[PDB]
Every structure is written in C-alpha cells, then in structure tokens.
Amino acid sequence: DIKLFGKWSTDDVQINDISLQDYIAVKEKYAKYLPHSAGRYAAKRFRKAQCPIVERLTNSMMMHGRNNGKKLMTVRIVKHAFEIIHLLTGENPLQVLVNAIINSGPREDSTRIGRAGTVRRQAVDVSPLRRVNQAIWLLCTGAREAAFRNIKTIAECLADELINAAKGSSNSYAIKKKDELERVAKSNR
Amino acid sequence: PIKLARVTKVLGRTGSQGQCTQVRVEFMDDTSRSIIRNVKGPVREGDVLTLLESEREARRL
Amino acid sequence: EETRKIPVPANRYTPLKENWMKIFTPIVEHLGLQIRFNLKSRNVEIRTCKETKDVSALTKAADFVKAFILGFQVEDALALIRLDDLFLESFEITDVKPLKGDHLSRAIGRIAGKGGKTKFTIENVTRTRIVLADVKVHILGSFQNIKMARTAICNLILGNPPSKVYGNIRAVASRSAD
Amino acid sequence: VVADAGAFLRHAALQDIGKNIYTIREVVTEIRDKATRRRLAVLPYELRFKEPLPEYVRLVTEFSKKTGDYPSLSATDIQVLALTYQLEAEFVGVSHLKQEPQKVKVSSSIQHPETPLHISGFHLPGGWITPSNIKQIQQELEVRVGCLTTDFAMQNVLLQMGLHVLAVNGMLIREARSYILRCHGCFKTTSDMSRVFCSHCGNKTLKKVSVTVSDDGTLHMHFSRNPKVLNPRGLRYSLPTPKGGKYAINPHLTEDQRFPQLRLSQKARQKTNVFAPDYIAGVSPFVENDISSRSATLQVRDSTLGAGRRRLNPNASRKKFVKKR
Amino acid sequence: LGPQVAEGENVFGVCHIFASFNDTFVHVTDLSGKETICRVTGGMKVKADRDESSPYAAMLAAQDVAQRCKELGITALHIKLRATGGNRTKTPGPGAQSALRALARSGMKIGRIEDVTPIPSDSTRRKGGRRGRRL
Ligand SMILES: [Zn+2]
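Chains as they are written, first to last, in UniProt numbering: chain A, 16 to 204; chain B, 8 to 68; chain C, 73 to 250; chain D, 7 to 131, 206 to 222, 230 to 412; chain E, 17 to 151.
One or more hints might be untrue.
[Unchecked claim] Calculated Cβ distances over 12 Å to all of chain C for the following chain D residues: (1) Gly-12; (2) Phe-14; (3) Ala-19; (4) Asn-26; (5) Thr-35; (6) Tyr-51; (7) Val-63; (8) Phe-69; (9) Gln-105; (10) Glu-106; (11) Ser-126; (12) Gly-304; (13) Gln-353.
[Claimed, not checked] Straight-line alpha carbon distances no greater than 27 Å define the calculated BS3-like cross-link-like pairs of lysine-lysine that follow: (14) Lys-106(E) with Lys-406(D); (15) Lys-104(D) with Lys-89(C); (16) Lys-333(D) with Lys-189(C); (17) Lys-42(A) with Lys-94(A); (18) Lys-219(C) with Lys-333(D); (19) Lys-186(C) with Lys-125(C); (20) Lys-172(C) with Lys-406(D); (21) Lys-138(C) with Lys-106(E); (22) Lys-333(D) with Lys-138(C); (23) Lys-330(D) with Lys-186(C); (24) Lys-208(C) with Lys-410(D); (25) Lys-86(A) with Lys-167(A); (26) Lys-40(D) with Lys-94(C); (27) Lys-10(B) with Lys-201(A).
None of these hints come from the bench; they were simulated from the model. Positions of the beta carbon are idealized from the N, C-alpha and C atoms, including for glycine.
Looking at chain A on its own, in the form it has when it is part of the complex:
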C-alpha cells in the first residue's frame, strides 16, 4: 500500500469542508511515497491543485533567497517535522496538516476597486484555491519567522505552527494574520 515516507497512512485522513475537498489532493489518488516529484504543476492554470499538499508545503518552504534551490533539504525538514507531529499528537500528521490548512485560510479579503487614489477597499470573497495558497504561505512564513535567531530548529517551529493552526489556538502567526485580514475586511464590507 502507498504510504508517505514509507509509514504514513493516507486512507485515514478526512477533509472536513466540502469547499476544500477538491483542492487538497492527499486522500486516495494523489498520495505518494515522497513529496519530491519534480512534476510540472505550473504548466497551466489550476494544475497545481492536483499537486499533493505536502509537496506544496515543501515548495513554499524553500521559497526564501538562500534556500532557493534546496528541495532535498526541505523535504528532510518536512519529514522531521511530520515525525515530531506524530510524536506529539499521535494522529496521522497529514490530517493535522489538512486541519491546519483549512483553519488558516482567510474567508474574505479587502480589494482596491476603483482607481489609483481611491483608498476605500471593498471586502470580497476569496477563491478556495487562493485560500489554500494563502494558508500554505502563511504557515511557511510563520515557521520561517519564528525560527530565525533561536535554538529552535526550522522543523521544530514548523511542527509547532502546524499544531497551533490545526488546534486553532492564537499562537500561530498564520491564524493571527487570518484574523487580521478577516476583521479588516469585515470593517470594510
């Protein structure tokens, strides 16, 4: 049977929302042994929705300038972080990741509608794909920022951010940013 990293089951995870059920591809058809697939998911529009979510997390972690080519190191980081997730919670770490992503994505956002000079932003809904993209980017950026100058390793802060985002506590940077954008949009309407 297909397992992530040789050990992680993928038939046990569940998607809570129907909104993101077609955009997080982890369940049955799209599970793989390693995140590193090197496939063309930026070839055409919406193709990256079929990319597995763990590879998306790996790709958005090597995003920053010095680590801009290193993916093997990043998939090592993801492997160690998922190991720490399984050690702490005991749940399947993929479900923890999915809960973090569905809990971290903003539901509406403010937009400049008008011209350059009209600073009244209108609150508009967000695409579910944009919601997933923003959730991925905020989780990676919070893990990046929390582990810049400290003894805590990147994978450790990454796992801790995933725990706070899936649990929903106000310790994750991502959920703080989500609340900020959402309340700014609710102020605009």
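Fit chains B, C, D and E with the ligand to the known structure of chain A by using the hints.
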C-alpha cells in the same frame, strides 16, 4: 452563520486592475437563489465557496 | 378586480399598433395581466386577473405603457417592468427660462444637437433615456441619474454651449462615485 | 400531413397527430434559424423526404398562373403543393379535386383599409388579452393527409383546388380571410404584404384590399369605397437632380434601383435586452448609444425608422427649424 | 376601532400625495377631504435635508401611512397626485411615483388616480428672472 455557495457561471473579470472576478452564485441549501458575487483569486465554473454573509449583493447596475 | 387606463394621443396610435405585440406579450406572460385597447375611448386598459403573480405588477404595466406612450423605446420600458428604481420626471422647456418663438426653437435644437449627438452623449453619461416631445422633456433612469440629466438639460436651455455642458457632466459623473 | 417551413419555424410538434409526415429537403435546408435547426436534430425521425414527379408540378403551375397566385409563391412552395397533390393522388381518388378555379365576385364597403379589424388587442365598443388566450391567438382557427401551410397564397390555391388544409391546430381550416395588395394602374394582385412596387408595371401604386376564401372553392374580395384612398395629393413634387457617390440618397423611385451602402454600425443597431439573465450585472440599464462611429456623423438611420415622416406629403409646411435629413 | 362594515365592502379614503421639489407629503383623509387620517411627509423619516425629497423617504412615508390606515380600518384608497403647480412645474416628480408604487405594494386596494395639480388658466410672474433658473 456561514452559508456555503456554488459557482453557476463566471461573468467576468472586474476591478481596477482586473483582480476581482464577478461570478454567479448557487446555494447548496436546496434553494435556487442565485446571486452575483465578486471574489479574489482564480475561480472556474464549478467551484464551491464559503460565503460568510449571504445577505450581501455584488455591484449590480 | 382593479384596473388602470392610459390615454393615447394621435401621434402615438401607429407606434402603438406596430409595437403592439411587443407591448402585450411581456405584460400578459411575465406579469399575467389582461390588456386591451379601447378604440372608442382611445385608452390602453390594463386589468388584474386570477393569474397575476403579485401586487404592484399592474403598476409596473402602467409605467411600461406610460413610458411607451410618452415616446420611449419599448425595450427601455421593459426596463420599467424589470427594474424597481426607475422613474420618470418630465418638465416643459419654459419651466426653466421664459422663451418665446425662435429662441425656444433654438433651445430644442441645442438639447438635441446635430444628428441628435448631444442627446445621445447625455444619455451615455447619465445612463438615462431622454425623450423630447413638442416643448417637453422626459427623462428615464435612476433618481440621481435623473437629477444629473436635469442639471445638464437645464444648463442647455438657459444658454450654455454644449462643450461646457459635456465637461461639467463628465466631471459630475466622476465625483458621484459612478 | 405535408409540413411547410412555417410549421418548422413555429415549432409545431404535430408529428404525433399524423403519420404521413412528408416534406421537401429544400424547405428544411433553407431555414436560417438556429433554434429550429437545433430542434430538428432532437425530434424523432419519422418524416420522409421526396420529390414529386414533374408532370403534376406543371399542372399545379398552369392553374396557379390562372388563379392569380403565381408571382407570390416560391419554387419550394410549388414543390410543397405538388407533393401534397401527389400524396392526395396516390392515397385518395383523383376525381375529388377540381380544376379551372371559380371566378371572383366583387362586393365593396365603406371601411377604410387601415381600419384595425381582426387585430387581437383592439375593441371598438369584451375583447381582452388573457393569459389563457396567448396560446389560442394564432390565426382564424376552425383526414389522412393534410398540410401545415401558413402563407396565405398556399391556403388560397389549396382551397381553390379543394384540398383540405389544416393548421398548427389539429382541426382542418374551413374559412381563410386576409389582405392582399392590388394595383390601381394595371389591376394585378400580389399576395406579398411587404412589397410596395407593383410586379407588372413597377409603379408605387399598390393598395390594400381584403380577400376571403372558403373551403368550397369560392374567393370573394372586398374593396373600400372611400375617396381618401385614391387621392393624388402629395404625389407630384419636384425632385432633386440625381446624385452619385458614396453618400447620395436619391428618393427611391423604382424597386430595383441601386443605393450606395450606408449601414449602421454594429453598436448602433443593437437594442437593449432585459430578459437576459446577465442583464442585472450590467453597468447601465440601457445600451450605450453610438456617438463615435462615422455613421453617427453621417446620421445614418435604420430603414424602418422615420416612417410617419414619409407619409406627410412633400408639398406641405414643416416647422421652421427642422430639417428632414 | 373603525367602521363596522363587513369584509366585502371597502371603506375608501382619499390619498393626497404631494411631491414638492423639496420633499413629499402623504395625506390620507376622508372622501370629503375635510378630516384627516394620516399625513407623513418625507422629512419625518430621513434626518437630513438633502434626502427629504428622495424616493426612499417617500417609500418609508408610504409604509407609515399604510400601517396607520390598517390601524383605523381603511382598506382602499383613491389617489390625487400633485406637484407644486401655479407658476412652477406641473408634472409630479419621482417622489409621488415611488409613494404610489410602494403604497400599492403594501396591501392597499387602489381606486382612481387623478392629477389634482394647480394648473392656472393664466399665471402670475415666475419666481425666476428673465435670465433663467435651475443652475
Ligand atoms: Zn401595377
């Protein structure tokens, strides 16, 4: 409360810089109440959304 | 059952006859109303029936035929049966400035413009339909659009050249969050 | 059951009533409506195409040139008439139908030809348009093989010969009343209500005269004994010298005269549709007017527009600050 | 509280809708016109002088007078539409149209629409100058 939405058909790209998308909205609450809405990001016909306020109507006329 | 009667003048009989099917079809299909044309009294008679969907459909039909009889396009008054914030305010030309004779005639001219161009340009800015009957001006649109249209038209018939009116009306449209 | 193109245009789904559903390929291949062609590919295919033996095509032609309907009909209409004649011949005995059609009788009255009798919404002294009447109002409505002909010339020649003609309604038609145009110079009648110049003499002289045909084979034709109709008031006026070039509008004196092309822009000849489901997201309640094209500057108009202006006679006084293009 | 009439016959009032060029009045009264049932001008709803004349305030006033009529039992209304008249404009604005529309929407049977506007036979002098008026 939270009312989830469906995309019937995409009207077009609106906004100052074409960063908003005007779409037609179907509800999964067994109602045929289809309303126009504007969204941010990439959407297609068949997307399923999460609308926090269903009372809001888009820029109509 | 309650009814309304809408008179027709003699220059609106032939447009009422050629455009008749386009009148009575949306009234009886989408509003479910009885309609006829009393030739002896020369009235369009609109009557409620069993099949009417809701109240204030018959008022929509009355506004539809009134806007047609004043001279609007049938499509522009199908806009009345559809939309809710569309009204019609009218005035005589000599309600703004006392004009007599050729002066009054020139007033009509500089509302219309060459080819009608001025009229059409005003309609393009305020998103209204204007109709100029013999000495009388009728506007159709939203409330703020009708007051923009009156501002432009009243500047035209108190003397100002159309270029000034074009600039003023585009600026007023820009400041009005259009 | 011979289906004319009028049945396919009207979407008369009457294939369940009859079983002898036959038609020409030419009448169905000439239709330019997209919805009808879409409906053609969905319908159950029990209709069969044929072509009549040309001998009855002649015979139909020699009595149509006698009944006064020959210029009005098309070749395909002669094909439909010949097909229903042959199906009548093959199925039913041929002694039923008669030839050398009966002479018209004349009976005049006082009513103006423009009196709006037989228009549905109108009422002289109740006649209402109800939601129950819209499916009912098609025309004047009253065994094995019939016709689905809606053009009046078709029904005229059919009821002259004696073929039972039926409608979109299942029951066959007994009486058919309509209007024709007759020339007061050469006295030749046309069944085409659109046409304004005479076919024979070519003058702008056709005037409206009502006709009614019975199922028996009698045609009777009602004139109007009103001196308003034949009065030459604005018929003599002096004409400008003929002008050429791309922008000349000559006063249109002969039917087949050549005009320069002055067409409206596609933006200008677009009307606003409010029944569209994408209308309410539209910015304006109405379509924007065209003020940017060359035809806006040239003041090109739709051909139908400005009709009551033409019926004012040219030797008359318009207002002193108006100009008639 | 009201008339003691069966459910069939309607007790009519007369609705004077007067659409001025600064606000709109709604005066429901007796068929005689002498004693008044209700009158809600546009400025009783919107707390801004700019929107005294809007169709929104006209709608709100129409709901108010309709509610007060069902309080006292009036079920059907004749309507007399009116603009300022005299020297001034003769055709009623969108305020009277909106009041009529919303009042017809709110369960009222509508009788006859009559334009009682003061058209003079021959007028006094206009409030404007020779030089013109309205901007
Ligand atoms: Zn002739």
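Going through the hints against the structure:
1. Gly-12: 17 Å, holds
2. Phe-14: 21 Å, holds
3. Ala-19: The claim holds: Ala-19(D) sits with its nearest Cβ about 20 Å from chain C, beyond 12 Å.
4. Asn-26: 34 Å, holds
5. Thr-35: Fine: 29 Å to the nearest Cβ keeps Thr-35(D) off the interface.
6. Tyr-51: Holds: least Cβ distance 32 Å, greater than 12 Å.
7. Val-63: The claim holds: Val-63(D) sits with its nearest Cβ about 37 Å from chain C, beyond 12 Å.
8. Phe-69: 36 Å, holds
9. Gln-105: Non-interface label on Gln-105(D) holds, nearest chain C Cβ at 40 Å vs cutoff 12 Å.
10. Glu-106: Holds: least Cβ distance 40 Å, greater than 12 Å.
11. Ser-126: The assertion about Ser-126(D) is violated, with a minimum of 8 Å to chain C.
12. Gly-304: 33 Å, holds
13. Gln-353: Correct as stated: the minimum Cβ-Cβ distance to chain C is 16 Å, above 12 Å.
14. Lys-106(E) with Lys-406(D): 26 Å, holds
15. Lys-104(D) with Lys-89(C): Distance ~41 Å between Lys-104(D) and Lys-89(C) Cα, so the pair is violated.
16. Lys-333(D) with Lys-189(C): Roughly 22 Å between the alpha carbons, so the hint for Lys-333(D) and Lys-189(C) holds.
17. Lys-42(A) with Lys-94(A): 18 Å, holds
18. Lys-219(C) with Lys-333(D): 42 Å, violated
19. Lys-186(C) with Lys-125(C): Answer violated: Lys-186(C) to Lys-125(C) is near 45 Å, above 27 Å.
20. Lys-172(C) with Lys-406(D): 15 Å, holds
21. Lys-138(C) with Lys-106(E): 17 Å, holds
22. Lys-333(D) with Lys-138(C): 41 Å, violated
23. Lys-330(D) with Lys-186(C): With a Cα-Cα distance of about 23 Å, the restraint between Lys-330(D) and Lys-186(C) holds, given a limit of 27 Å.
24. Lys-208(C) with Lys-410(D): 19 Å, holds
25. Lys-86(A) with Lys-167(A): Between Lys-86(A) and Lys-167(A) the Cα gap is close to 21 Å, so the pair holds against 27 Å.
26. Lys-40(D) with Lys-94(C): The hint holds at about 22 Å.
27. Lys-10(B) with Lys-201(A): 16 Å, holds
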